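Trainee: Each chain, letter by letter, is given below.
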Amino acid sequence: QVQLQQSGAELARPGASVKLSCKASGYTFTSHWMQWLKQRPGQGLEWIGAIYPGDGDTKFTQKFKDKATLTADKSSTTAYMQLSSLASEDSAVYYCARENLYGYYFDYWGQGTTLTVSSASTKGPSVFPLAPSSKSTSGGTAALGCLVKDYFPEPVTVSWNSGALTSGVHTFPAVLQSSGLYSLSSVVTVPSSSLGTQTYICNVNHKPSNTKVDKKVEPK
Amino acid sequence: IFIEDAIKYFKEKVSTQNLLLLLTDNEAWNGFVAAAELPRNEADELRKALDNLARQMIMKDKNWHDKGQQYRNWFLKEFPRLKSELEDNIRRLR
Amino acid sequence: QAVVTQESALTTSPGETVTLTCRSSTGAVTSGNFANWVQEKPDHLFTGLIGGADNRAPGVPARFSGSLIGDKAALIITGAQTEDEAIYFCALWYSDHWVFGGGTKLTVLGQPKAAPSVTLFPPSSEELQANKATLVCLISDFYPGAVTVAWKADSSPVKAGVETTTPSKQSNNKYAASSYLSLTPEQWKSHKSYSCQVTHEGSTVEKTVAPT
Ligand SMILES: [Cl-]
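Those protein sequences? They're chains B, A and D, same order as listed.
If you count the first sequence from 1, position 196 lands on 196 in the authors' numbering, and the numbers rise without skipping.
If you count the second sequence from 1, position 32 lands on 97 in the authors' numbering, and the numbers rise without skipping.
If you count the third sequence from 1, position 208 lands on 208 in the authors' numbering, and the numbers rise without skipping.
You can trust all of the hints, since none of them are fake.
Straight-line C-alpha distance at most 20 Å; calculated EDC-like pairs for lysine to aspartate or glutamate:
id : chain 1 : residue 1 : chain 2 : residue 2
1  : A       : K125      : B       : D55
2  : A       : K125      : A       : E77
3  : B       : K216      : D       : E126
4  : A       : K78       : B       : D57
5  : B       : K23       : B       : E10
6  : B       : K207      : B       : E154
7  : A       : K76       : B       : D57
8  : D       : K159      : D       : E206
9  : D       : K105      : B       : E46
10 : B       : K65       : D       : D96
Rather than coming from a laboratory, the hints here were simulated on the basis of the structure.
With the hints as constraints, model all of the structure from the sequences given.
Mentor: Put into C-alpha cells, the structure is as follows:
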C-alpha cells in the first residue's frame with residue numbers, strides 16, 4: 001500500500017524558516033512528481049510546487065519561487081519543502097500528494113502538517129479527566145473523556161489506549177478562547193459496568209510545547 | 066566518458082523539442098555527428114543513448130504525453146507531411 | 001496569475017445527475033490543461049477523482065465521470081448519493097504549474113433533521129485543586145448545523161465565561177459543537193446546580209450537573 005507520512009515543526013516565528021518532510025513508501029519514488037499544497041484556514045487548496053525525485057527537477061507557481069525550496073532524498077525516499085521568510089499568510093495546513101504519472105490525478109495524500117507562524121509563546125495544555133458522574137453512569141453506556149485545556153498553538157492529537165480503542169471515540173474541534181488560548185475535549189462511550197475496573201488512557205500530544213501525556217481516567 | 070559527458074549536456078542546454086528534432090531528422094544527425102567528427106561505431110551507441118534520454122524525458126513530462134500540448138504541437142507540425150504521404154499512397158492503389 | 005473558476009455551490013437530490021464545471025481565464029480548457037478533480041470531505045479527507053479530464057482514479061465509483069464540454073472541464077455525478085455531499089476542487093495545468101479553482105460545495109437534499117446528543121461534565125477535582133473550574137458541554141450529531149447554547153446557574157442565566165464553538169461537519173454529515181463555561185471554584189460550589197441547554201430547530205435538550 002502506498003503511504004505518505006508527513007512531519008515538520010508546527011510553530012515558527014515571523015521572518016524565520018522551516019523545513020517540512022514527506023516520507024513516501026509503497027511505490028517507485030523516482031517515477032512520480034511529488035506535489036506540495038496548502039490550505040489556509042477557511043479556504044481552498046493552493047498548489048505550491050512539485051519535484052521529480054528522479055533528477056531533482058522542480059515546478060513552482062511564480063508566487064512561491066523565492067519562498068519554497070523543494071528537495072528529495074532518493075535513498076530515504078523523502079521529499080522536503082523548506083519555507084523561508086515566514087509570514088502570517090503562511091499559517092496553514094501543508095499537504096504533500098502524489099501526481100499519478102500517467103493518471104494525472106492526485107491519488108495518495110499525506111495527513112498534512114499544521115503550521116502556525118506567530119511571535120506568541122507556546123503554551124502546553126493541562127489535561128483533565130472527564131469522568132461521568134453517578135446520574136450519568138446508571139445507563140448501559142457512559143461517556144468518559146479528557147479535557148485538553150489552554151494551549152497554543154494548534155494542533156493536539158488525542159488517541160485512546162495507544163490506539164487500541166477506536167470505537168465510540170469522538171474528539172471535538174477546539175474552542176479558541178478570548179485569551180487567545182485553545183481547548184478541546186475528547187470522549188469515548190464505553191459500557192457503564194467497565195468504569196472503575198477497566199483502565200482507559202488518553203494519549204495527548206502537543207508538539208510545539210513537547211507535551212506528551214497519557215492520562216489515566218479514573219472512576220469519579 | 067565522452068558519451069556520458071554528452072548526456073549530462075543534453076539535459077542542460079537542449080530542450081526536449083530540440084533533442085527530438087536532432088533524433089528524428091537524419092540530415093540533422095549527420096550535421097551533428099560529422100561536424101563533431103565522431104566515429105561511426107560510437108555514433109550509433111550515442112544515438113541509442115539519446116533515444117533513451119528522449120524516452121525518459123517523455124515519460125517524465127506530461128506535456129509530451131498524448132494529452133500534452135507539446136505532443137499536439139509536434140503532431141500539428143507533422144500533419145501536412147502525413148496527409149500528403151497518405152494521399153500519394155491512395156492514388157497508386159486506387 | 002491564471003484564474004480558475006468553479007460554481008461556488010450546487011444542490012442535488014439522491015439519484016439525480018449533477019454537473020460541476022471548471023473554467024480557465026486564458027481561454028478554452030483543452031486536453032493540455034489536464035483537468036484535475038479532487039473531493040474534500042470532513043476532517044480534511046482529500047480524494048483524487050479524475051485526472052486528465054476523464055481518467056477516473058482506481059477506487060472511484062462509476063457514477064463519477066469527467067469531460068471537456070465547452071469551453072470548460074466538467075465533473076458529472078450521474079446518480080448522486082447522500083455521501084457525495086462534499087467540496088469539489090478543479091485544477092488546471094498551465095505548462096509548468098497547477099492552478100486550483102475555488103471549489104464547489106455540493107449539497108445533497110433530503111437529509112433528515114437530527115436532534116443533538118448532549119453530554120455535560122462538571123469540573124474535575126484535579127482542575128479544582130488547581131483553583132480552576134470548567135464545565136464542558138459536548139454537542140453532537142445534529143442536523144441542520146445550527147444550535148443555540150444557554151447556560152444556567154441554578155435557574156438564572158449565565159453569560160460571563162461562556163466560550164462556544166462554531167458547528168463542524170462530521171464525517172457522517174451531521175454537526176458537532178462544544179461549549180465551555182469557566183468558573184471559580186467559589187462560584188461552582190455556591191450554586192446548587194449548573195445546566196447546559198441546547199436548542200435545535202425549536203426543540204431543547206438540557207443536561208444538569210451539581211457539586212457532589
Ligand atoms: Cl458523545
